[PDB]
Amino acid sequence: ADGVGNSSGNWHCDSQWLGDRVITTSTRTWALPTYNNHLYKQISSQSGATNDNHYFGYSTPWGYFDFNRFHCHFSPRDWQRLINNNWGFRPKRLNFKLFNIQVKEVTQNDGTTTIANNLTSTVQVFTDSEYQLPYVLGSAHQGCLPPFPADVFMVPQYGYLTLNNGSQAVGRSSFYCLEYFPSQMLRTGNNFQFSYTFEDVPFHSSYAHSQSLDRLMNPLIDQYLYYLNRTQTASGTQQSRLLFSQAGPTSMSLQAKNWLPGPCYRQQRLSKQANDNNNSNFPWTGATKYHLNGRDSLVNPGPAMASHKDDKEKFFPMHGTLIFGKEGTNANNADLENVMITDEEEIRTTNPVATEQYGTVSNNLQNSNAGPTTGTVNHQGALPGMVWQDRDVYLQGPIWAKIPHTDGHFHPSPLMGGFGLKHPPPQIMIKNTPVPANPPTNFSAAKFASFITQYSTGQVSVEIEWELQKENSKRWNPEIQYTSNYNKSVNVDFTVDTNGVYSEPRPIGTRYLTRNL
Amino acid sequence: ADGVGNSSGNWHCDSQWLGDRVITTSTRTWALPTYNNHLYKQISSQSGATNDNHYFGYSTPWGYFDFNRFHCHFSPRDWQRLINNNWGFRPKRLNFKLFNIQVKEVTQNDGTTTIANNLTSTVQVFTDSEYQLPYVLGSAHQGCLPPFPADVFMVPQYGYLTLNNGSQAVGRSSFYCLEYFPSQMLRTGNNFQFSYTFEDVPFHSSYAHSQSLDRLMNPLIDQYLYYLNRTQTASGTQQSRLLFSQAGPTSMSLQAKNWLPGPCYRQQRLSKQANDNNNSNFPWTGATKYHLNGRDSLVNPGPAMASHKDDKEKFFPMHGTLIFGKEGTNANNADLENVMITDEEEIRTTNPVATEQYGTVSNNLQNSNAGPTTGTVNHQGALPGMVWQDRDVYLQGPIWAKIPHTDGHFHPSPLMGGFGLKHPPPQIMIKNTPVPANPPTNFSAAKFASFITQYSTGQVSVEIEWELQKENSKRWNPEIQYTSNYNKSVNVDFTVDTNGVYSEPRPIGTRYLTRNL
Amino acid sequence: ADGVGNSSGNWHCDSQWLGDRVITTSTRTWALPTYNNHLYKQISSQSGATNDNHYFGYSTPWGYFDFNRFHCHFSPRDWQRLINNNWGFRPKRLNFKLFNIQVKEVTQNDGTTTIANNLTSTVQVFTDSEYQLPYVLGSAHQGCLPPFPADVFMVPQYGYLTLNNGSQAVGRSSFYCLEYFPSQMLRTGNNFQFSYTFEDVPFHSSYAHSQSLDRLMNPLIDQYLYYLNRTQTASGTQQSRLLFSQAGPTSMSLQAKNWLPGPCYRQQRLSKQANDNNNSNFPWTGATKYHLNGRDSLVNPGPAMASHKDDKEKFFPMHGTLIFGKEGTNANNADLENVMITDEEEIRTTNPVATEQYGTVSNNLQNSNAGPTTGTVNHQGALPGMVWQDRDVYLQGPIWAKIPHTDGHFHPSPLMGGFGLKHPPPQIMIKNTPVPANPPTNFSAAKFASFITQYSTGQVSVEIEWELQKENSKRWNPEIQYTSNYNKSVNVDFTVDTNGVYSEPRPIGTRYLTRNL
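Residue numbers (PDB author numbering), protein chains in the order written: chain X, 217 to 733; chain V, 217 to 733; chain Y, 217 to 733.
Simulated from the structure, these hints should not be mistaken for lab results.
One or more hints might be untrue.
Any copy, or any two copies together, can satisfy a pair, since identical chains are not distinguished.
[Said to hold, decoys possible] Heads up, simulated DSSO-like pairs for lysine-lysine below, C-alpha to C-alpha not over 30 Å straight-line:
hint: 1; residue 1: 704; residue 2: 320
hint: 2; residue 1: 690; residue 2: 704
hint: 3; residue 1: 663; residue 2: 257
hint: 4; residue 1: 473; residue 2: 690
hint: 5; residue 1: 320; residue 2: 663
hint: 6; residue 1: 473; residue 2: 618
hint: 7; residue 1: 505; residue 2: 542
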C-alpha cells in the first residue's frame, strides 16, 4: 500500500516503563537467503551415528524469526531496572512487524558479482497461529535476533524432525509442506503485522529467599512435640532404652517440620580448578541421562537444583546448568575460561544441591540381632509437602517454551528456564518466492531447476508488554543489587570494542531481591 | 475509650453448634514480660555445634500470640462431638481480641519486691496482615494458649532466623525491626481487635476407609482380563511356557487394578517392648533424613504413612509420628511411658506402611540364561494413579501451617498435620513500650540503658468459626466412637487433679467414622 | 507520500524582515556517507598522549546536522541590516526539513566506479528532543552548513566522549546506542520535519557603550563626599597628617563610585608585529589555563575581557579571543596573516582588559614603622557591584550553546559567544540504513560484515525566526556603521572568485550602534 518509494515502517527500538508494566520494543535488520534451492529435502542421520544420535526429518526452503532470547527485548540497563526493583515479571502481549522489504537479484559473471533491485519480486510470510507445524522455537537454537540493535542478522532456516527407526522413517512420520498454508505475499512496499496475547502464566521469581526451608522455626522457643533422642541408655551399662526429648534451639535438625525440599535427579560434580577432576573422559559415561525408546538422552540442565552448597563455589554440576560463551568463543572444544557457566546458588534454601543426595531412608527392619541399615536416595520424585523453585532466567536465554501436548504433565515449567506456554508465540515463517529463469521455447513437463538467484532484506520490529511485580519488602538492611564495577578498565562491559564487536561479559540472572519463605 | 475504671471486654469462652457450623471461643489471661531489655539482639549457634545445627538470627523484644493448637479452641467434649458426628471440618473465619490490659511496674529494694499499677504506661500491638515478617507459627512451638481456660500463660518471645553460613551470616540475610511497622498503642482502657477470613481449604478427613485400596473389586465375579499365571509348564518335564488365567475371588492379589498406593519415604521401625530393639544408639544415624545445603535435617514426621501393618501395633516408625507427652513429663530424655505416641493406623487402606518398602521392581532383562532379578523400592515419588490420605489432626496439635511462597509445591498439606494456608492467620505481635528511668540532668547522646521495670497482663479472646461436613453413611452396623471408660478411677480423664493440674491422658485423633473408597 | 517521481520539497532560501522580527531561511544540499562500516567503535587517546589530552569515547555510524554558525542563517547583507539598525536580537523558533532524498548505491569494478539509484533503500532520521544523548553541538566544530547557499556539504559523523582514567574507561562511562531510539525511516519520496521553540533568553548586545564605567559622573559638579587627599603634610617639615578634599572635575579617578568592572582571569599579551614577542615557545607554558581532575585545560577564549586598551591595537590576548581563518588557510601552523583574529575592543567601558591586572589591594597593616605595601590582583571573581558585558557574536560563530545540567552556574553565557540554552535546539541524527549483500546459502549466526556500498544525498531547510530590539538613541551626531569600502579591488568582498570559491574577508561583529550605561 506504498510502492517503490515509500517506507512501510519506522524504526522503534525504545523501552517504556509505566511502573506496573514495561513495554520493550526492538527493531532489527535481517537478510533472508534462498535455502536449499527452493526445495523440501528429507534429512537423516548418517551411517556410523550412534543409536542415540539418529534422526529423520525434513529441511524446508522457509526461514523463520526467533525473538525467544531475553536480550533481544532488553538492554543490559533495562534488565538491571527489572531485576533490581522487582519480585517478578511475566509477558502480557506482543506485536510483530516486517517492513521496508527489499528483494535483491544477484548475477555472477567472471569474478564480478552484481546485485540489483528486483522490484516486482515477492517474499512470502505466514505466522502459524493454530500450531499445526512442528514447533522448533523452544530448543534454544541460534538465529535469534541479536543482542545489539545495530547488528544485522541472517534469518535461520526452518526444518523439523519426526519419528525415526534408526536413520529410517516409520509410517507415522509426518511430512509438512509449508506451501500448503495461506501466506501473505509482499513486494517492496508491502508490510506484515500480527498481534499475540500471552495466556495467564505465573510471574517468574526475581527474588531469592531470606530463609532456608529448614530454618522456618522460632529460634527462641522449644517445640511441644517430642522426638526420639536416645535409642540406648545414656550412661552405665549400655542397654536398649527409648528416650524422648523436645527439640529446640540447640538441635534444629531434630525438630518436626511441615515441608520437604524439592525433587532431585542427581548430577556429577565438576571442579573448576584444573587437575581436581578425575583423569578419564566421562562427559557421556558418567552422565545423568534419561532413556526413551532405546536412546539415552543426556539430562540437561534438568530439574532445578542448587549448583553447589555453601563455600563450594569452585564446583558445578556436570550438565546441570546453563553454559553460555564469550564473544568470539570457538564452537567446539572451548576452554573453561571461554564459556560462562551460570549458577543456581540462590535456590539452596529450597531445592536440593544437584550434586548431593536427596537424603537417606532405612532399607531394613532392625531387631536386637539386626542393626539398622539405611540407603541413600540419589533421585526423588514428588512427595507430598515438597516446595521448590524453578530455574532462573538470564539476560541471555529462553523466554518461553511450548508445553508438549500430552495427556498429563507435572509442573510444566521449562527446564532451561522461561515460561511454559500451551499456546506460545506462533512461528513466523518467511521465504523468497521462486523466480524462474527463462523457460525453453518448447514445452517440457519437467519441473524447473533453473531459478534467478535472489535474496531479500528488510526490517523487523518486536514489541512485548511485560507485567511487573513490585518489591514490598520490610527488611531494614540494604539488599544485593546488580551493579557495574567502578574500577577502570580497557573496555566498558556490555559495550562494543575498538573493532565494533558487541560482547556480554557475564550471564546476568534475575534473582537479587530477597523474600521470606 | 474507657479509662481506668471501665472494663474493655467480657469473658466469652462458650462453644456454639448450629449443626452446619460450630463457633468456638476461648478467652484466656496472659502475662507479657520485657524481653531482652527492649533490645534486638542477633543470635547464632555456638562453636562446637554440628554443621546441621548452625543457625543465624535475631531475637526481638516483641512477644506474640499463638492459638494454633486445637485444644485451645475445643474442649474434650466439644472435640468428641466433632469427631464422632462428622466426616470433615475446616475453619471459616476468626475474630481476635485483647482487652482489660494492665501494665504493672516492679521495684525491688532489699529482698522486698513491690508491684504497682502504672496507669499511663502503654503496650504496643500490631498484627502482620501482609506477611512481611518471618512467620514462625507453623513450627509447633510452645507458648500457645493453654488447653484449660483457667490457666494463665506467658506470652512467648518472638525471634526469627535467616540465611547462615556456619554460624555467620551472608549478604542476603534480612534484618527486620518490628518497630518499623505501624502498631496500635494501648493504655489500660484501650482494647485491640481484628478479623480474619480463612481461604478456601479442603475439609479435613474425619473418617477412616471401610475398604482397602486393593479390595475395591467384586468378590463374587471374575475379571474378563487375563494375567500371566505360569511362566513354566505345570507338570511333566519342566519347560518354559506362558500360561494365562483370569483373576477372580481366589486370587485377588493378581487382578488388574486402577490405582496405586500413595508415595513413601521409608522409616526405621521401633518396638515399644524393651530389648526388642537393637542395642546401639541410632536415632540420628539410622534415621531417614533429607539434605539441604550441606545440612542433614531429620524427616519428622514426614510423608503420611501408616504406622504399622495388621497386628503389629507394638511397633512404631522412628521419627515418623507425632509424639506428645504427659503432664509433668521431663523435657529431656523422657521414658517411653511418659510420652504419648500417636498412630496413623487408619490410613492402612491407602497409604503405605512407614516401615515397609513401597514395593518391588525388576532390575534386569531376563533371558533363558539370565534369571529375573528384582529390586526393592524403599522410596517412591508420585506416580500416576496414586491416591493417599493426609496425616490426621489431634486435639493437641497444629491447626494450620503457612505454605512456603515458592514457584512450585506438591500437594501442600502440612506434614505435621492441619491446613496449609498461603495466607494463614496473621501474627499478632505485642511488647511493652519502654519507659525510661530518670535521665541525667546534662545532655548525653548515648542511648538509654536505664528503664523502669514493668510487665503487662490482660485478657485475650479468640473466636473461630468452623464448617462441618455431616456423616451420610448407610452402613447397617454401628460405628466406632470415641468414648470414655466407665470403670472407676482415681482421676477423671481430661480433668484437674487434687493439686489443680489439668492433664490430657491420650492424644485423641479425629478419625472414627468410616467411609467407602 | 510522494513516490519516485514527485519532489518532497521546494527550495526556500529567502530572508524576511517584518521589522519587529526577521525570519531567515536556508536550504542546502548535503551528502551523507556510510561511517565506519555501520559500526559503533570505541575510540580513545593513544599511548604517548599527554595526561591533558587523554580521552575515551565512541564513534557512531550516525551523522548529524549542525546549523549553529550564524552565517548559515544570514547573508552578509542581512547581517549588516541587523547589526547596523538594532540594539539586540534573540532567536524565537525554528523549523527544520529534510526532503528530496536520494540513496545511491556504488559499485567498483577494475578502476571504473558506477553509481545508481537504489529506490527502495532507506535513510534513518531522529531528532533528540529529550536531550538523552551527549550534546556535541556547542563545541564549535566543522561540518556546519556552508556560508554560501550554492555549496554542497558533507554531513559530519557523530561521536561522543565519556569519563576516562588515562586512555581507559571507568565504570560510570556511558555507552549510547543510537539505534535504541525511535527514528523515522525514509525512502525517496519521504520527507522529515520538526519544529522547535527557543526558551526565553536575553537579547544579545548589538551595541557598544557611549560611556566608560568610571566616567558616569557629572563633569561640572563636585561631590559632597570627601576622600583622603593627603596622608602627609603638604609643605614644611614632613609630618603625618590626614587631609580630606572633595573630588571633582580635576580628579575623576578619586571620586566615589557605585560600580566595579567585571571579573577578570588574566591573559598573556601578544604583539602582532614580528619580533616584539619573546623568543621562546610558550603557547602552552605561558598560558592561562584551568585544572580539572589532574588535567590542565587551556582557557579559551575565557571570561569576556577587552582585547586591548587605548591605542594598543597591535596587541591581542593569547588564547583570549576567537580566531577564524581565511579561505584556503592551512589547518596546521598557519601564519598570522592567514588567520582572522577578532577583537573585544567595544567592552573597554565595562570589562577589564584581558592582559591587564584587575586592580590592586593592600597586603599589610601599615604603621609608623611599617610602610604600606599593596598586591596586584591578576584574577578576580564576582564582587557585589560588578557590571560587565558578554563576548560579542560574529557572522562566523556559535549561535548557541547548551548550558550544562548542574546544581549551580554563574551567569550561564557561553564563553565563545551566543545564547546559553538549557534546552537548546535538539540534535538531528541521520544514517544510511544497512543493506546486506547476498547471504550465504547455509545459515551462519555470525553478524554480517558484508554490505552494499551506498550513500545518500538530499536537501535540508532551516528556518529561524529572530526577534529584534530597535535602536531608540537620541544622540545628535552620526554613528559608526558597518560599511563596504568604495575603492576598487580585484575581488568583491563576501563573494566568489574567478574559480568559484566563496570567501569571507573579515570577522564582522555585531556591535556598532551605541548606548549609554
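Verification of the supplied hints:
no. : hint        : verdict
1   : 704 <-> 320 : neither (46 Å within a copy, 43 Å between copies)
2   : 690 <-> 704 : neither (35 Å within a copy, 59 Å between copies)
3   : 663 <-> 257 : both (15 Å within a copy, 27 Å between copies)
4   : 473 <-> 690 : within (26 Å within a copy, 39 Å between copies)
5   : 320 <-> 663 : both (24 Å within a copy, 19 Å between copies)
6   : 473 <-> 618 : between (36 Å within a copy, 12 Å between copies)
7   : 505 <-> 542 : within (27 Å within a copy, 41 Å between copies)
In terms of the numbered hints stated before, the structure departs from hints 1 and 2, listed from lowest to highest.
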